[PDB]
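Please put together the full structure from these sequences, using the hints given.
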Amino acid sequence: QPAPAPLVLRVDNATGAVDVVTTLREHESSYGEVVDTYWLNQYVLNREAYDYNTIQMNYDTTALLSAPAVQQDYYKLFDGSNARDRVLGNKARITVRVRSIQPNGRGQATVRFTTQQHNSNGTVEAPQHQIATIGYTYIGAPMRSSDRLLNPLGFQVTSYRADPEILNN
Amino acid sequence: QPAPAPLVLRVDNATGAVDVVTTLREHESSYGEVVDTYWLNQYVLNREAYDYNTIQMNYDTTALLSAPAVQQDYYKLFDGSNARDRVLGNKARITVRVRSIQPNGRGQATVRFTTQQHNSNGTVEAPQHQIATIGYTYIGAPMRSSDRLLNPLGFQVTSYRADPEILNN
Amino acid sequence: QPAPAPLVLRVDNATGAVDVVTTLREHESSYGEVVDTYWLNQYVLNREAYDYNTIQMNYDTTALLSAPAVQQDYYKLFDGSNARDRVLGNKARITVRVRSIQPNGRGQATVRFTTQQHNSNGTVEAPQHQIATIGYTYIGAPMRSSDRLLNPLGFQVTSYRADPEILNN
Amino acid sequence: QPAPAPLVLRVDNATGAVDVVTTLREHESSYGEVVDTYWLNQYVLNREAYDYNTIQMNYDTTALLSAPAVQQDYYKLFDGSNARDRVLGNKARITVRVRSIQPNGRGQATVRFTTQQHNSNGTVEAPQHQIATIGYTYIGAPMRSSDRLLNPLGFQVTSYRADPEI
Amino acid sequence: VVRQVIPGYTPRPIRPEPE
Amino acid sequence: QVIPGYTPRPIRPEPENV
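Chains as they are written, first to last, in the working numbering: chain A, 1 to 169; chain B, 170 to 338; chain C, 339 to 507; chain D, 508 to 673; chain E, 674 to 692; chain F, 693 to 710.
These are computed hints drawn from the structure, not numbers from a lab. Some hints here could point you the wrong way.
To be verified - Restricting the straight-line Cα-Cα distance to at most 20 Å, the calculated cross-link-like pairs of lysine to any residue (SDA-like) are:
| no. | chain 1 | residue 1 | chain 2 | residue 2 |
| --- | --- | --- | --- | --- |
| 1 | A | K91 | B | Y221 |
| 2 | B | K260 | A | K76 |
| 3 | B | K260 | A | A92 |
| 4 | B | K260 | A | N53 |
| 5 | B | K245 | E | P689 |
| 6 | A | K91 | F | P702 |
| 7 | A | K91 | B | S269 |
| 8 | A | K91 | B | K260 |
| 9 | B | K260 | A | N119 |
| 10 | A | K76 | A | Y52 |
| 11 | B | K260 | A | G122 |
| 12 | B | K260 | E | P689 |
| 13 | B | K245 | C | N459 |
Said to hold, decoys possible - Okay, the calculated beta carbon distance ranges per label pair:
| no. | chain 1 | residue 1 | chain 2 | residue 2 | range |
| --- | --- | --- | --- | --- | --- |
| 14 | A | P127 | C | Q468 | 50 to 60 Å |
| 15 | E | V674 | C | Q410 | 40 to 50 Å |
| 16 | B | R268 | C | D411 | 30 to 40 Å |
| 17 | B | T292 | A | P127 | 31 to 41 Å |
| 18 | A | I166 | B | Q225 | 25 to 35 Å |
| 19 | D | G629 | C | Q468 | 53 to 63 Å |
| 20 | B | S314 | A | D163 | 17 to 27 Å |
Ideal Cβ positions, reconstructed from N, Cα and C, are used throughout, including at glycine.
The following block contains the structure:
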């Protein structure tokens with residue numbers, strides 16, 4: 001008789017989620033060229049934007065669509081006394097919309113977008129114009145339900161910057 | 170020698186809902202097997218949710234991901250004296266989150282999700298549990314910038330019916 | 339070819355306690371008002387409801403949750419010139435919702451629910467009220483992926499009837 | 508004919524509490540990190556405890572989880588005029604609970620536990636505190652239905668002692 | 674050949690006027 | 693490889709709005 005394989009399970013008392021100790025199963029794998037751009041556009045809108053009420057999803061989504069280097073740059077925006085969480089907090093919010101995106105090469109695209117600040121006193125600040133440069137790739141499908149239902153394509157930002165647009169019109 | 174164990178069943182003590190805890194299984198069956206769950210999630214969340222401040226995008230997105238028959242059913246929810254726009258308006262809001270989606274056939278899937286109402290007085294109503302049945306297809310890439318940047322895949326709901334639990338649920 | 343019978347490690351949502359396979363296979367495997375009312379609801383809704391677009395899943399699910407005697411009674415509703423498939427076909431649809439379920443004994447419960455007919459001309463028939471009496475047991479976990487992902491508990495109807503409710507109010 | 512594997516072991520993520528299903532959690536024929544904890548607990552509790560009504564299972568289980576040397580030491584506790592079967596018999600009972608187990612090496616662990624005596628007159632003796640030292644190994648899965656449904660992992664005590672805690 | 678296109682319906686966002 | 697992973701932001705834990 002081979003020794004009964006060790007059997008162990010963990011039960012989350014808060015979510016009632018039951019998970020086997022043994023390593024999980026691998027998934028499907030195919031390469032799609034037009035997957036990085038869609039993930040990058042969704043990540044950019046969640047990243048620059050802010051709302052106390054929805055930010056946890058935008059925050060995790062941005063990280064899900066970011067290389068660890070990029071994730072850290074992003075996480076840091078919520079740190080210290082000047083943290084978005086303290087500056088905007090639940091007193092002010094940021095609305096972001098993308099006007100146009102045009103790929104320019106081998107894992108690189110230009111995103112033209114706007115942003116504006118709204119607040120608890122019912123006022124709105126003048127909108128600003130910004131342009132992001134995104135370096136990106138795809139890492140294929142993720143192997144967790146919490147990731148595949150947000151970024152199935154594997155979009156990942158490897159480099160990111162966004163500068164003010166100067167409206168020399 | 171290889172032997173297979175069983176996914177344990179998790180019974181929610183509050184809802185009596187039985188969830189299958191997968192045994193070392195994270196397998197994805199095919200292109201759109203998990204991609205479909207993304208679209209089904211985003212569809213239900215945006216369709217069922219409401220916030221005066223973001224609804225225009227969720228509204229247009231829902232229509233973008235709906236067959237004309239479905240679009241009309243949806244549009245009608247914002248009509249008349251009992252319109253979501255008048256009932257919730259800017260006094261109350263709906264938060265929606267999807268717990269699990271499992272495809273079951275040829276253009277059909279089951280979505281298990283929850284919903285709750287928040288309001289201007291800072292109160293929150295008890296969360297409800299609901300299950301949506303979605304009939305769907307894909308119509309391929311759209312040919313407008315305002316559509317491709319929201320639904321590039323062409324996801325389209327052809328039939329939709331979400332039923333809440335009876336009494337408590 | 340027959341393998342270890344599927345074992346449900348029932349997890350308590352309040353305490354996180356883990357149960358094991360039991361003699362419930364040779365008894366009523368479904369246990370707890372909360373759990374039984376769920377199965378009774380899903381059974382009635384799927385059995386009584388109809389939509390050309392989703393019925394294949396509701397049809398197979400109903401059979402999956404029915405004793406062969408019950409399955410045959412159900413299958414027959416789709417037979418002959420008066421078949422639901424010909425009467426409703428893709429011209430009319432049935433919407434079903436359960437209001438309340440209360441167990442009353444040893445494999446028996448009462449389901450109070452409503453039903454209504456919608457159609458292709460955009461009209462809706464007046465809703466009807468009905469009450470189902472369900473005799474039931476549980477046969478334990480099934481041993482096919484196509485069954486366990488729909489009825490892991492083994493719910494099975496052994497007797498079924500549903501009569502019009504007379505609203506003597 | 509087919510043979511059976513282990514079923515499941517409960518490990519609450521919030522409380523760290525360990526619950527054993529009828530199929531005993533396997534120790535993988537090794538002392539383990541939690542394998543020693545659950546088996547060491549069940550061994551001490553069943554070995555030290557006594558109830559006329561359930562002892563046949565605890566007795567056989569203890570033997571199932573014991574090396575022949577250990578089994579004999581245990582069997583002897585039920586022999587002679589001072590036998591647990593005559594002293595406690597169906598007049599008094601022993602309740603045992605383990606407070607904490609901490610492995611300390613290569614087939615060895617320390618078990619801190621308590622014990623108390625209850626009886627037919629409805630009285631209870633003051634609880635005592637004891638510490639067991641257990642030497643152990645695993646002999647792999649057993650090949651009898653009456654053994655695999657009790658000790659699938661093959662837990663086996665090779666040395667045992669328990670002294671009063673001061 | 675597809676005819677695969679989205680529906681047409683009243684605007685998704687409407688004014689949230691106060692009262 | 694893909695190495696999907698994160699130590700993401702506390703989403704649920706919002707602070708005391710003053």
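Original post:
Which earlier hints can't be squared with this structure?
Top reply: The structure conflicts with hints 2, 7, although it agrees with all the remaining ones.
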